Each structure stands twice: as C-alpha cells, then as structure tokens.
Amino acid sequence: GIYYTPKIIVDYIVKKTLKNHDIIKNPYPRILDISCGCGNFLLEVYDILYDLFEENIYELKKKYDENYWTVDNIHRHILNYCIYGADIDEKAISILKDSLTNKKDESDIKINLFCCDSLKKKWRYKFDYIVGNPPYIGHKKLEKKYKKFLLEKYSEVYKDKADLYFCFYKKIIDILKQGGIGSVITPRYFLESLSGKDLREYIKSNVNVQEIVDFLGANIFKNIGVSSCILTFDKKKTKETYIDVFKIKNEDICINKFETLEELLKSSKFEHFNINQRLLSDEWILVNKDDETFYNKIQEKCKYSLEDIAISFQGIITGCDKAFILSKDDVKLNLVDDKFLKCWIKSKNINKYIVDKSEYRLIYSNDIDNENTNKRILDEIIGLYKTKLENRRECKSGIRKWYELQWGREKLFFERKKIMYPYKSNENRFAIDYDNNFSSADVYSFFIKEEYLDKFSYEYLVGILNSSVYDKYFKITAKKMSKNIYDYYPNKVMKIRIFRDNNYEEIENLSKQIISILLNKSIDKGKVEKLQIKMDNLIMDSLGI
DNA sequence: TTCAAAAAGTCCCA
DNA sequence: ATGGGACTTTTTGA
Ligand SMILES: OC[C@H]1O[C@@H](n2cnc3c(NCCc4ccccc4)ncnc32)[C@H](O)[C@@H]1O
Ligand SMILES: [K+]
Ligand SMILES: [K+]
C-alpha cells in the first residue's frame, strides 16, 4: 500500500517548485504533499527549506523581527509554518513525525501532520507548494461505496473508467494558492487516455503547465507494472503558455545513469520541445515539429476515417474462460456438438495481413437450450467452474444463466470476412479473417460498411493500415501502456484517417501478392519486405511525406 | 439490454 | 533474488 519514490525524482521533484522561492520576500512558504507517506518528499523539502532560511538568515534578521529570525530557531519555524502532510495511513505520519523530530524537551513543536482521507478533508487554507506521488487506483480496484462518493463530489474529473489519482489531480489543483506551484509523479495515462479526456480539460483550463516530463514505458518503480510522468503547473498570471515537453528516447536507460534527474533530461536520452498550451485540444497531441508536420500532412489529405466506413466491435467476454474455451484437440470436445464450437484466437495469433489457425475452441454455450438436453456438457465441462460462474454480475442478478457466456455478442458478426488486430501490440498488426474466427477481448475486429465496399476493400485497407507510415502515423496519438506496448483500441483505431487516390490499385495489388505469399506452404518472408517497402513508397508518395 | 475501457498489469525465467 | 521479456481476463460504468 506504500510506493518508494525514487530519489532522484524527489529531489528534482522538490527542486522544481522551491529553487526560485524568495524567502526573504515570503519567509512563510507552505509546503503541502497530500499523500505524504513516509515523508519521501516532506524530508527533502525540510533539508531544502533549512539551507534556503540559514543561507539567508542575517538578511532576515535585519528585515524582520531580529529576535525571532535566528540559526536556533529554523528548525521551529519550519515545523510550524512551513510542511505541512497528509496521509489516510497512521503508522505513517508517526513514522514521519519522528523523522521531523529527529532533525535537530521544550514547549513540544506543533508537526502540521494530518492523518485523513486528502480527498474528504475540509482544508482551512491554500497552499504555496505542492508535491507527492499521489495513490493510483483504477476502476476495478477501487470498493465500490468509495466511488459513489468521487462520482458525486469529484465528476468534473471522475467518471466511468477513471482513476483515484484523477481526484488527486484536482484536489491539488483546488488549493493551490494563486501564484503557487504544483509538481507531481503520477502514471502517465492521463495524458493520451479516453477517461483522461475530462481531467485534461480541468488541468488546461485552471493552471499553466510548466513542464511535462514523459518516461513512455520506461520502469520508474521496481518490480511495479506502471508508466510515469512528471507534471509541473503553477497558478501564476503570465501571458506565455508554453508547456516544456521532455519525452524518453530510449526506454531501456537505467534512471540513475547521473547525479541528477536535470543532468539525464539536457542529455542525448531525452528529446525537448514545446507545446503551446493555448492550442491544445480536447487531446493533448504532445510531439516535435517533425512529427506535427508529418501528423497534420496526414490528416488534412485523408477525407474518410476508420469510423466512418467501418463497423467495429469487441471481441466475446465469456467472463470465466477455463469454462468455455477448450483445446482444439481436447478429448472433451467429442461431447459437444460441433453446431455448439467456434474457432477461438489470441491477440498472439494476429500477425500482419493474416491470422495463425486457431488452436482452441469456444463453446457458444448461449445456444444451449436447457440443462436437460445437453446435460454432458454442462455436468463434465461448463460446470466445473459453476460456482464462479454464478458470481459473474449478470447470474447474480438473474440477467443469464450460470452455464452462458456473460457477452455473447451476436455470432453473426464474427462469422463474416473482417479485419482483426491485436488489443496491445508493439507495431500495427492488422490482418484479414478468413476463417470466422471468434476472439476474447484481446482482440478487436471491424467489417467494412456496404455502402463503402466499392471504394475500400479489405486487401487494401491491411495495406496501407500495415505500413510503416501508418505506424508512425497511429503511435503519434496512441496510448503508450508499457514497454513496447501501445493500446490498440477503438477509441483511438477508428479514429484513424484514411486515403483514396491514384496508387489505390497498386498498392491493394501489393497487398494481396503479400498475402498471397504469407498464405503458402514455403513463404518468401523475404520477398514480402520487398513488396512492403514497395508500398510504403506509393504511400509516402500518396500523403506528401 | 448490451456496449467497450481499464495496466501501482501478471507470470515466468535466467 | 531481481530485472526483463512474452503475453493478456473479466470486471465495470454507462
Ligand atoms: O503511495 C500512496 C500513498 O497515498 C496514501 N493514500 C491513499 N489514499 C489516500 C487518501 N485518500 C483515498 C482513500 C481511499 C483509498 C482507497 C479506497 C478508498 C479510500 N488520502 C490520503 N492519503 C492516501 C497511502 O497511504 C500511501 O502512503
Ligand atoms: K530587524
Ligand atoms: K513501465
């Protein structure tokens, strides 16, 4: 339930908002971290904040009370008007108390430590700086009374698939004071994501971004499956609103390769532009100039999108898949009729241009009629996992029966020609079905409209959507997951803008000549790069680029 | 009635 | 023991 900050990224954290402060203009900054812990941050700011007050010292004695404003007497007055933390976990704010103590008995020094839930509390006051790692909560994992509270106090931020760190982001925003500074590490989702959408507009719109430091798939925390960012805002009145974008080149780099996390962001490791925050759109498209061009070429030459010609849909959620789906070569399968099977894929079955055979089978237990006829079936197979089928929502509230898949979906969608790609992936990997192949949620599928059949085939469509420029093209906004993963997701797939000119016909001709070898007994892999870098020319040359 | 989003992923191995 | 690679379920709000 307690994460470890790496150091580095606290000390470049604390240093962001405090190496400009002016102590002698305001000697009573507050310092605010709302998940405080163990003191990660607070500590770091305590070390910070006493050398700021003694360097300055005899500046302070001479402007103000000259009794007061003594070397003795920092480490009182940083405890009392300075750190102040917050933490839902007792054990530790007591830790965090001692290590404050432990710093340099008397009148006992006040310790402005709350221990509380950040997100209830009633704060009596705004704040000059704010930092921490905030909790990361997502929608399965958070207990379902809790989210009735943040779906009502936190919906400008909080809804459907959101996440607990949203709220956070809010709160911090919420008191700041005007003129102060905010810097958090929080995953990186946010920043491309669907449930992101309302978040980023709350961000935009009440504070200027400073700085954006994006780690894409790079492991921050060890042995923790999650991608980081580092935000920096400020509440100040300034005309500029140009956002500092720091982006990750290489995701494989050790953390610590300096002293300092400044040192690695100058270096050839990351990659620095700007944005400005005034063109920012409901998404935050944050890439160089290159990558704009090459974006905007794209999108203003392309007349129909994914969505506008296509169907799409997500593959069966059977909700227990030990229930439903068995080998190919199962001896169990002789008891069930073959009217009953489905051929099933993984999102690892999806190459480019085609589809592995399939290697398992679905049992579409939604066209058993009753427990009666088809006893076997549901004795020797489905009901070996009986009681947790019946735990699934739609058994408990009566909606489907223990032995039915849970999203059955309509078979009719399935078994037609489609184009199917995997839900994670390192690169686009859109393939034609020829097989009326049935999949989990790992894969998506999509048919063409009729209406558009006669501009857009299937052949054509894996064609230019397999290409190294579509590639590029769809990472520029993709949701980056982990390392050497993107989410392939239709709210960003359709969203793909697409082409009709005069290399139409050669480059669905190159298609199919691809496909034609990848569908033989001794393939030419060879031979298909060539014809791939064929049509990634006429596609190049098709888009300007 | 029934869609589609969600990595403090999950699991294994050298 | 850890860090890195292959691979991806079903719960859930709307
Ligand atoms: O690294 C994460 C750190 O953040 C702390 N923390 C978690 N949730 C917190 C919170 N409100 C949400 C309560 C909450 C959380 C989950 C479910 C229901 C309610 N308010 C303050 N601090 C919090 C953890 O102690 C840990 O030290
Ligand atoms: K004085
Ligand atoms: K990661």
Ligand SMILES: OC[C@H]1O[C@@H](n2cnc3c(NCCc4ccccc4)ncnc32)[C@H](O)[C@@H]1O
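Residue numbers count along the first chain shown, from 1. What changes on going to the form deposited without N-(2-phenylethyl)adenosine (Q8R):
In this comparison between these two forms, the chain bends at a hinge between two rigid parts; from 56, 288, 484, 64, that hinge is at 288.
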Contents of the next structure:
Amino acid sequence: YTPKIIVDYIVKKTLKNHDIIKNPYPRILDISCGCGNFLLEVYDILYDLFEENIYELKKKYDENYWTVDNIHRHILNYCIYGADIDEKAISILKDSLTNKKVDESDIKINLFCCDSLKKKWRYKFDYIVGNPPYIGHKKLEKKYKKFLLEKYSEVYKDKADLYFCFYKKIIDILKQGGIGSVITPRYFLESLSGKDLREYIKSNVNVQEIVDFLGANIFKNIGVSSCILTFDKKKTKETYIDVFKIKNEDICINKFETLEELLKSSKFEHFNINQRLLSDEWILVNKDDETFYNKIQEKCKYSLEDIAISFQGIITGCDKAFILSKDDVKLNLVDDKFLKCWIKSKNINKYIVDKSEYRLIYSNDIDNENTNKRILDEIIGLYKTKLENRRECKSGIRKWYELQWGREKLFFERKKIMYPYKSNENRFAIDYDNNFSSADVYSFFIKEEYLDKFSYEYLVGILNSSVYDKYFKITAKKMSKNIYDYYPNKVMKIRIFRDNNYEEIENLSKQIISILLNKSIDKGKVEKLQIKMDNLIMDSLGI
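Taking the form solved in complex with N-(2-phenylethyl)adenosine (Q8R) as the starting point, write out the structure of the form deposited without N-(2-phenylethyl)adenosine (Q8R).
Next comes a single chain, given without company.
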C-alpha cells in the first residue's frame, strides 16, 4: 500500500495544470492500481476540476451534456482507466468508484483484470500514474521470463527486475505531450542492469522531476529504496531535471500533510541537471560536488587502474570446510605450508589490518589424497557432499577437496592494499602479513613500473583522507543506508596525483602507520596528523 501523501503528490503533479476547458476528455491510467489508491484520488481531483468549470464547459460545449449530476458518469466513462492482475482488488476498486456517487442507467467502468505487460492497448493515455509491483526472481515463472526477454529486450536482460518492463510500457502507451508519474525502486538509477532502461528513458521522454529518498524507509516493514519519477512527452527544448535528493534518511513521513512541504524543507536538497549532458550512470550530484569532482579529476594525471592491478578474494565455495580458528586443534593436523592467514572485512581498518584470527587451508596445494588422507577425511570431508555439489566439481574441473576459486597464491602473498567491498567510509589498508581474504575484501598492488613513482604508504595516506572519501562518495554506488559499494569497477577509477607535496604526505602516512602498529595506544595524535595531511591534499588540488 503506497503512502497516501506520495499518492496525493503524484496525482497533483500529473493533473494540477491540466486545462479542463481545452481538453475535457483526459484519460488517466493506473497500471498497478490494486486496491485503487491512485484512482480514487484521481477521481476526486477530476470531480473538483469539472465542478469548478462546469458552467464554462456548459457554455463552450454542449449545454445539456455538461451538468453537475453527469460529472460522475463522465469520469467513469471517459477518464479513469485501471489495470491489474488481482480480480478481487479490481472488484473492490470498482465498488469504491461506484459508491463515490450513490445498473440504474448503463453505468460502465473501464477496469481491466489482465497482465498489463501483455495487453494490446487499444489507445494511448494523456496521464499515467502509479506504483509498479516489486516481485521478482522467486515469483517469476520460467515461461514468463522467456516472454519478457523477447518482448522487452531493450530494457530487460538476464535477472533484471520486472518493473523495468513497466517503464517500457508506460512510455509506449503515453500520448504525445502526456505526463507520467510513478514511484519505483531507485536501484535502476545506478545499477548496471538499468543501463538500457536509463538510455531508453533518456532517448524517449523528457524527465522533469526526480525525488530520490535514498535509503529512507518509505514503505513500512519493506526494505526497498524508493524514488518518484515524473516525465512528459511535451515538445521542450531545454529539458532540465529538478532533483530532490534526501539529506536526512532517518526521517518519518509525517512531517507535514503534503510532500511539497517536506521537499521544500532542509531535509531535502534541490538541484538541476541538464538531461542532454547525462552520462550513462546518472551521477545526480549538485553544483558544488560537481565542481569538486571536476577539479580533482583535472588535477590528477594518473588513476588506480593505470598504475595498479586489482583482484577479488578467495572464493572457496564452502567456507566451513577450509576456514578454521587460528587456535583450533585440527590445525595441528595440517602442515603449516598449507595454512595461510585469513581476514574478514571487519579486520580491515584505516591504514592497517587487524591480526588474522583465522587460517585458510590452501587445499589446492594438496596433490594426492593418499599422503594427506588425515586432512581430507577429518577436516575437509565433513562437508564433502556439499563440496561435490559445486559447479566445477560436477564439471570435473575442480577436485572435491580443492578450493572452488583459489585465485593465484602469489597475488595474496605480497605487499598490497586491501579494502572491504561495502563500507561507510574509505578504509584502505596496507597488508604487511600476506593475508588472504574472501570476496568481501578486494585487493590491489602497485605495478612494477609505477613502484618508483608511487608507494603504498602515500596511496593509503591520500585514499583514506577526507578529501578522497568525499571524492569517491560523489560517484559511489549506494546500496544501503550509510553503506557504499567499494568494488573494483568504481574503486579503480579513482584518479590520483603526484606533486611537490608527495614526500610530506608519505611521511605523515608513515607516522600514522607507526602509531597504529605500536601496541601502546596513543591513537588520538593520528587524528591531528590526518588533519595536516588533508590540508596538504587540498593544497595540491586547489580546493
């Protein structure tokens, strides 16, 4: 059930400036009405609009048709259209619409109980409103997904969400100069699946307003990040997008009776984006952040991808059969050549890695099963059946006791920089202990030809700085509230500089490392050091 305030805002956004005198026959469609939250409000708005200009319509058009008593019949005959797949909800909505007036004379309501994505729509619509469903993967049928791939190939790929196709439908059946307004999951704004959908939206319609609630709990007891999209097919030359980006994600939607008061408040920020200048990922930042990002990009002559080699952690396929507590007795059964240090995301802090509390049995170095039979029978064999259900074990590529994705031994066993893949801040650490990690920690190492130009200490010094934290978070992908995705595709794009401040930055980073490593804690001074380093970085970037 969509919140009433958002429904009212969407309906008013679509219908407020409709010239009922010029076009007293508007077609407003809900594609996922369900109980009919949007359609009842549309009915109320239309009834008020018709009654306000009833005598003007009576004078302009047929005098006998336009009467106050006939408004209900006219709205139900020519104006309101709803579609859904639940017949009980359709009947409830039809009863609610009939009870709005209180057959007597051929009362007909244009409500359809059908698959909206498969219906052959006989005519397009002036206005479209609503909230497409959020049910995918588990709910879809094998035959249904194949039909989606064939029919909606321009927005639907692999395991993409269903509502993508709904966008494809809403644009297609929107009359020229019409208005559409929906509330959907926000994930398509920056996910790789939505690239085709975003291109389709950009090239087919004009986006007017984007309200981005980020991780705010819009829907009660549902963990979906929602956003409101308003678009039109009007012949416009400028096509600038208003963006209302939320600031406080911990708000509840009761601050005012109207969403406009919330948007106009300090809990939201507003900025304009030129649609023609949109990239393929829809960064959607304001002017100050854009200037900051542009200056940093211009100042830096190198990037992480240019000078570093990145990789993903070990994927064992069954962690319980290979990861043990470093104090476990069964580790006496394993030769120390097979044991490697193992860390988690929580082990990663700024500039350093916590001491490994776990050991990984690098079983790929076990050649035959007869020599190390004790390890296989008494440690790894406890999950052997599960290990045999892995894809590569079935295909015959991987032995049952081997790691499914053991990567390269030498990549991990070197000096390198590690970072968690999901964090609330930049946490890049130098690994001095040849630590191994799961896929929750990514790693990279400096290329040989860039070793003299760049050092690990300097890299972690600038990367953990507040400047680079803001710089990354500007374009970073947000998947949860206060949690960003630190993945190689976005991390390795980070640009880095090298100037006369290099030596002092590296020295401050080394001081921070030395303070962090020493057992007796005096960590407060690190903050002070950090501050100084940030200053230098700003002096380098002119910010």
